[PDB]
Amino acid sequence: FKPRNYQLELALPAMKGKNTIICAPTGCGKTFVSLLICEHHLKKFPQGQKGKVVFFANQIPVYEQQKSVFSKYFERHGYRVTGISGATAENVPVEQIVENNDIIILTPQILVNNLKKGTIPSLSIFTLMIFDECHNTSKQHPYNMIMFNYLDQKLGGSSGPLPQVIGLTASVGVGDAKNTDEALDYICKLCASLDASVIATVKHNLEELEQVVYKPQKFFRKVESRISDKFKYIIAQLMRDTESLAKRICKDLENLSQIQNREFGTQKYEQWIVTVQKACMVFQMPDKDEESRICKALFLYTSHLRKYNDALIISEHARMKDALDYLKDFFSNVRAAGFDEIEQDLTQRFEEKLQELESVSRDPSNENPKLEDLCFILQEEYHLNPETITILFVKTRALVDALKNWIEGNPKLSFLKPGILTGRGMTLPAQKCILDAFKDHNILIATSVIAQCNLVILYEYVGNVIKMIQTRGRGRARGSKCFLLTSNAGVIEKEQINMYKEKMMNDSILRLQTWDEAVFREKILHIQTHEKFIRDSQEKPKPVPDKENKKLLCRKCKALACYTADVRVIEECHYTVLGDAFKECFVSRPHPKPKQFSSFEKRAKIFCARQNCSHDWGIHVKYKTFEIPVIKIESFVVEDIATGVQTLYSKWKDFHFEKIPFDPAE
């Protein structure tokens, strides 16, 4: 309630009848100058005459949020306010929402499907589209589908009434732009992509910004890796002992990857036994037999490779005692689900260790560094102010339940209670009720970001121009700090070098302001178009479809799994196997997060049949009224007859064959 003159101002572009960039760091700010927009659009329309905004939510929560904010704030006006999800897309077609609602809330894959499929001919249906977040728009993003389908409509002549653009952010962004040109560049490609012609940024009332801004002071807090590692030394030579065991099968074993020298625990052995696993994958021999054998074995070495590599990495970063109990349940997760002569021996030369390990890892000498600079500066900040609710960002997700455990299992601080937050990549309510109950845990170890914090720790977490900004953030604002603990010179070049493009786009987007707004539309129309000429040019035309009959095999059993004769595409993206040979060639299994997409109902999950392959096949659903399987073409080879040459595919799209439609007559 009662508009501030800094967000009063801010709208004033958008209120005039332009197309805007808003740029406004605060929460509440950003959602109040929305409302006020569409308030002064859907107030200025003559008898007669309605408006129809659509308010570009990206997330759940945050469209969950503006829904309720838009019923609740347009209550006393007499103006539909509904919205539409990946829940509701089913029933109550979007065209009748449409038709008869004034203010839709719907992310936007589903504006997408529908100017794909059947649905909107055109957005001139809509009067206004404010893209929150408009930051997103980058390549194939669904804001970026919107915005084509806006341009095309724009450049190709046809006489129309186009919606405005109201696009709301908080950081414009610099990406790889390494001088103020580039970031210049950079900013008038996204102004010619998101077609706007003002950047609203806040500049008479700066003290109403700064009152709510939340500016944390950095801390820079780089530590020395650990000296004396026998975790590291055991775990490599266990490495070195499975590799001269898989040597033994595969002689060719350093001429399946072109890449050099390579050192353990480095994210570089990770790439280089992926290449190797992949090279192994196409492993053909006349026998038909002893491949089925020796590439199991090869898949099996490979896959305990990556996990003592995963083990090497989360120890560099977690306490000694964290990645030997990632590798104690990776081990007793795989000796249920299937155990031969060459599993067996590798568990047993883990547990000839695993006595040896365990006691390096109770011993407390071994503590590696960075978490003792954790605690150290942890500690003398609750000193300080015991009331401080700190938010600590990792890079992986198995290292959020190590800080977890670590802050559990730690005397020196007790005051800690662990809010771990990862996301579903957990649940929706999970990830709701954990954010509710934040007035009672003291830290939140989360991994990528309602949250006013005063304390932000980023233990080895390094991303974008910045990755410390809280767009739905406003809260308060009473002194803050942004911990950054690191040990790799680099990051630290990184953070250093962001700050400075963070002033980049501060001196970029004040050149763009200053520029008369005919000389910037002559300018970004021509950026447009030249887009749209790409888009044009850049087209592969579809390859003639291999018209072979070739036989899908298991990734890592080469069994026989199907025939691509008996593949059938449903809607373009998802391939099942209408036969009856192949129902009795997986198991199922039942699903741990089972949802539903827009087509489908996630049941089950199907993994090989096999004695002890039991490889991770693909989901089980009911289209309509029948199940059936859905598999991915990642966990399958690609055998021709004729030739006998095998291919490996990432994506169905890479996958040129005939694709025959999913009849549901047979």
The other form holds:
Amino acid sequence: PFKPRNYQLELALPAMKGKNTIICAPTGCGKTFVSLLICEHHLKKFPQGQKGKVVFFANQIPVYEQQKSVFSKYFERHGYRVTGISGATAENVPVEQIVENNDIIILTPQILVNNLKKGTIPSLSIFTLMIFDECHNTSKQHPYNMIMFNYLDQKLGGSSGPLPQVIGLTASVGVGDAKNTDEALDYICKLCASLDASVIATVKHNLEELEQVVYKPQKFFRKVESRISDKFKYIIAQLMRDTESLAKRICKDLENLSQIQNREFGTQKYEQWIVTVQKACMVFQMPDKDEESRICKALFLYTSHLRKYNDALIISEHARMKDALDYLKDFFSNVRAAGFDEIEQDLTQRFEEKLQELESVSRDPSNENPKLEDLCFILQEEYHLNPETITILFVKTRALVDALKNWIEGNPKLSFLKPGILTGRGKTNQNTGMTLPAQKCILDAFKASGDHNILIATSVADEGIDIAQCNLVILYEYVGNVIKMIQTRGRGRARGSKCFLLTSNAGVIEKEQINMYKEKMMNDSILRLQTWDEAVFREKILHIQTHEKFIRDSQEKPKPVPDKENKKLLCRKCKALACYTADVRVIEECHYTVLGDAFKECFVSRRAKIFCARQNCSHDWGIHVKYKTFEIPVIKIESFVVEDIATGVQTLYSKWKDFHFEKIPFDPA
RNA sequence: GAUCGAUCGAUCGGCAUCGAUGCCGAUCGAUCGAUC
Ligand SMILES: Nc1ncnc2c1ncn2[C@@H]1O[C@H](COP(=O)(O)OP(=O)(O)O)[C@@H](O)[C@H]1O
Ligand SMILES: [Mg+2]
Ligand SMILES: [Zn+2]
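Let's compare: the form deposited without adenosine-5'-diphosphate is above, so bring in the form solved in complex with adenosine-5'-diphosphate.
Following is the full complex, with the preceding chain placed first.
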């Protein structure tokens, strides 16, 4: 098998003494093997007749499966029962029967949180060792911190029997929210108090050997200047001005619906302003329901078109103009398909009047993004130096990931590249998402052998998944906190690797330099903490734990009183009566449906998605689901305005949990 | 293997109010229930 290195034995030494240790070491050095050695030493120290129980908390399903496989192939030779519980595990052989029948359990923290809050697992005393992978996640409300809250509530006050030894496997404590070394040390002490850790054991003696396994790449900042002559921006800004003039002509009070004063086209401030204006335009009352519906539908269309124009302007500055033009054309084609209206056809004609010159200015070699030119130059130079380079180019959004893939594929200069996509799971309003087997299939094809040369990921390829060692870590306008910096920089650990930060905004380079200074502060604070006496640090973390427990035990009132007044759900686009709250049945607190035949005449089905039934509204109301034996349609509260019956207020709600009303359970009879 | 609905958590950017609170957009992770 494997032979433990000297620094791997130095990192496991404080934890093999029985002390709660935070093992901070760079990515790719073998912290999983350190945890394996610690668990092997822990399970062997119990006398005959007694047995230890180790739990390993992983926060992701791929990481959970990988750690379960590793622990099973490593420990089932000794005769230990290794198991794993997750969300994909079938609801059989209950958890209290699994934990009691195994020695090593690979868990996700939410499963243990659920089993502790429901009373299945009464105490954490059934375990003798807890190993949190990526323990820097122990923070405000993370499930790691819920497990540690249970641990500390058992420790302080209600002193029950023995408590397990806690060990973390982070790579960066993340002093973030601090501005100097003292605040960084304070945050680090708070982190060791959250995990009840007294040692921050790092590699100090065998550092010449650790540097031969992992390599720290060289950071290079690339600040580019935005294009001076932007005619695409000119045309889209004229279209936005026309739409805004129409909306102001039909509303007359747009400048008082939001407090955004200085808003420019193509910014996030304008997006906030248009979202606020769209939300304020839905809550509109007047003693004329036809006029109210007409005004609200027209303002909905105007605000949606303005938001789409702003989205295209934001897309066109990080990618090609062809990408924003395709975004706008797809939006207009999909908005024509539902049903065209006088206002909507006027807007469509206004867009199509400028569509040809937009196509002409978008298909121009001179009007190309300078950021993309610098990216092409960097890729060309790197792949001319070493033609077997592999890149882990980091992107912020999924649309930009697809844009960069389509640009790399259609670039005559980047013919040596074979781009691969890696987005996160979970559907969105525009993208579908990548499942777990798709991510696994793409991650195995991206290696030094072939079948994939460059991976275009979005914040999913930097935390816990296993990727090949890259030689190029280009960050396409991608800056976060110090943890994200150390994580993305740690993706390329091959010898002689670079990490480029390409940006066109003076202030992002400053953010990354602040992150570097914060990493320096973090290292200095860890080194300063490692010199304290263990008793003084234990007293400090005990005082911190007592203070935080006192603060935490004073927040136990997060529950309002549910309302029972009758309220009507109207459409959000046309503001037509959809249904009443008295007809809304909820099945299992998650499947809010409508009971009645009057609602069946209000929606049209096109599983089958249900939309409004007005002349030209076609607003998405909900979807058909399949229960045990039923095919009832469920609705979404984010598609309706809630008007009171007695009063006339029309409050808006984002999710059903914000809407407090008398939710009657669904009954099939 | 492919989804649906609901919920939780973390991160970044932006906005409003008085460093804090609240909100919006984007990104990621996980959990409960149901279906093919
Ligand atoms: N003693 C060792 N000898 C050889 N290879 C090792 C040794 N320890 C660790 N490794 C390798 O280093 C890699 C580290 O992977 P992993 O533990 O997932 O990342 P990290 O250490 O950053 O958490 C493993 O794939 C393992 O094969
Ligand atoms: Mg790891
Ligand atoms: Zn409608």
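Positions refer to the first chain, counted from 1. If you superpose the two forms and keep the largest set of C-alpha atoms that fall within 1.5 Å, you have the rigid core.
| request: After superposing the two forms on their rigid core, pick out the one entry in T388, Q470, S197, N205 with a CA shift of 2 Å or more between the two forms. | output: After core superposition, the one over threshold is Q470.
| query | Using the core for the fit, does the CA position of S68 change by 2 Å or more between the two forms? | reply | After core superposition, the displacement of the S68 C-alpha between the two forms stays below 2 Å, so no.
| query | Comparing between the two forms on the rigid core, is the C-alpha shift at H615 2 Å or larger? | reply | Yes, the C-alpha position differs by at least 2 Å between the two forms.
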